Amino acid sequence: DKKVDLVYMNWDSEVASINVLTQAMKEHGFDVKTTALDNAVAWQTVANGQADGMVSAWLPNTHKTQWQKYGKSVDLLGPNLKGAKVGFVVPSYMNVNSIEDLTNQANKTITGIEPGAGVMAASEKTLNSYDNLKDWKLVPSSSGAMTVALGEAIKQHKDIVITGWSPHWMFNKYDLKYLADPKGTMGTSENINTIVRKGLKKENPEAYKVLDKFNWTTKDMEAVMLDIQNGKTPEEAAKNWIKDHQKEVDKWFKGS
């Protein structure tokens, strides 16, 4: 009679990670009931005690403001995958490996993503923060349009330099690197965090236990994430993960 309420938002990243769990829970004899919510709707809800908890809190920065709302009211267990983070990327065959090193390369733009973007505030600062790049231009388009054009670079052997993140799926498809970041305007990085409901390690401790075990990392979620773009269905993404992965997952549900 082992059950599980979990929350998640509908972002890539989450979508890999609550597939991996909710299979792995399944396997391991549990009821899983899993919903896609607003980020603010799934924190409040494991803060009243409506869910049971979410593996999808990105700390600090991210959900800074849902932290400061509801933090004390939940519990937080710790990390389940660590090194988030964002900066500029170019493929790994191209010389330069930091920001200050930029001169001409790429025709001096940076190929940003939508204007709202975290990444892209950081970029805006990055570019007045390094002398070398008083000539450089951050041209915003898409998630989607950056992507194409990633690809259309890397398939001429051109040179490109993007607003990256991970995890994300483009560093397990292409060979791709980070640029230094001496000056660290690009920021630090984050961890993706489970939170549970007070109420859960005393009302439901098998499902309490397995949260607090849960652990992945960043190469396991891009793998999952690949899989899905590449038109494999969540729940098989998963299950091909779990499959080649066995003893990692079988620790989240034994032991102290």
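Residue numbers count along the first chain shown, from 1. Compared with the form deposited in another entry:
- Comparing the rigid parts between the two forms, the hinge point among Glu27, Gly118, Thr233, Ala84 is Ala84; every other option is more than 12 positions away from any hinge.
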Contents of the next structure:
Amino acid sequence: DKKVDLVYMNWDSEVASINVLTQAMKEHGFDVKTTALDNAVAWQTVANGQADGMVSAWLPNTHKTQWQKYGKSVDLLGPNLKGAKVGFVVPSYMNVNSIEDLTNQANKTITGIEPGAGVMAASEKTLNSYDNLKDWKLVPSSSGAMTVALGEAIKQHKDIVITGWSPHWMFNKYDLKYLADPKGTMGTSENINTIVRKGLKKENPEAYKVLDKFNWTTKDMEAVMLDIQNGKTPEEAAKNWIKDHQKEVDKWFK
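Same protein, different form: I have the form deposited in one PDB entry, so give me the form deposited in another entry.
All you get below is the one chain by itself.
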């Protein structure tokens, strides 16, 4: 009776990863349950032992608030995707190249996602750290609302500054660039990590080993996200990537 209970958040990056892992585990005989939750709630759920784990911990800086609160109540298994990043992203036609260069562009507004995301906390730290951003403000919306706003700005050739991150499909759709962050307040060496509930190793060893071994690359996640943007369901997008990289996937289960 193989069994696993996973949580994830509503970011295009984590929809791809949770669907890839879920389908892989299903093909190897696991009964898999998944639940989409707010950032802080996903962390709390694993910390209470109501979920077995998640593969969506952006560390060290992005989810530092959650790590300070819940870090002692979970088992950090380590990076599953190396070399991720967060920062202020602008269209490449904008003349500014650094966060220090921003003055009165884009109505002095940072276009954000949902208030509970880690990138929003880092954005608020950034607004208080750079003196030139004194009169600026972070406006929350959502993951989906941000990309829709990015598209409309670009059609009109507007100034816009968004709370962006990699991996994300938008870099292969629009011509964008990260603003330099010499103070490093948006994070500097982020990885996407796997965490599991304490006791999983002992109680559910089969699930623990798979979750411990799970890993893939920026390009792999980009590939799955790409399919979802072009009309494929997350399930069939996950299945397509697994088939294409079957021997890579098999390594998680040995």
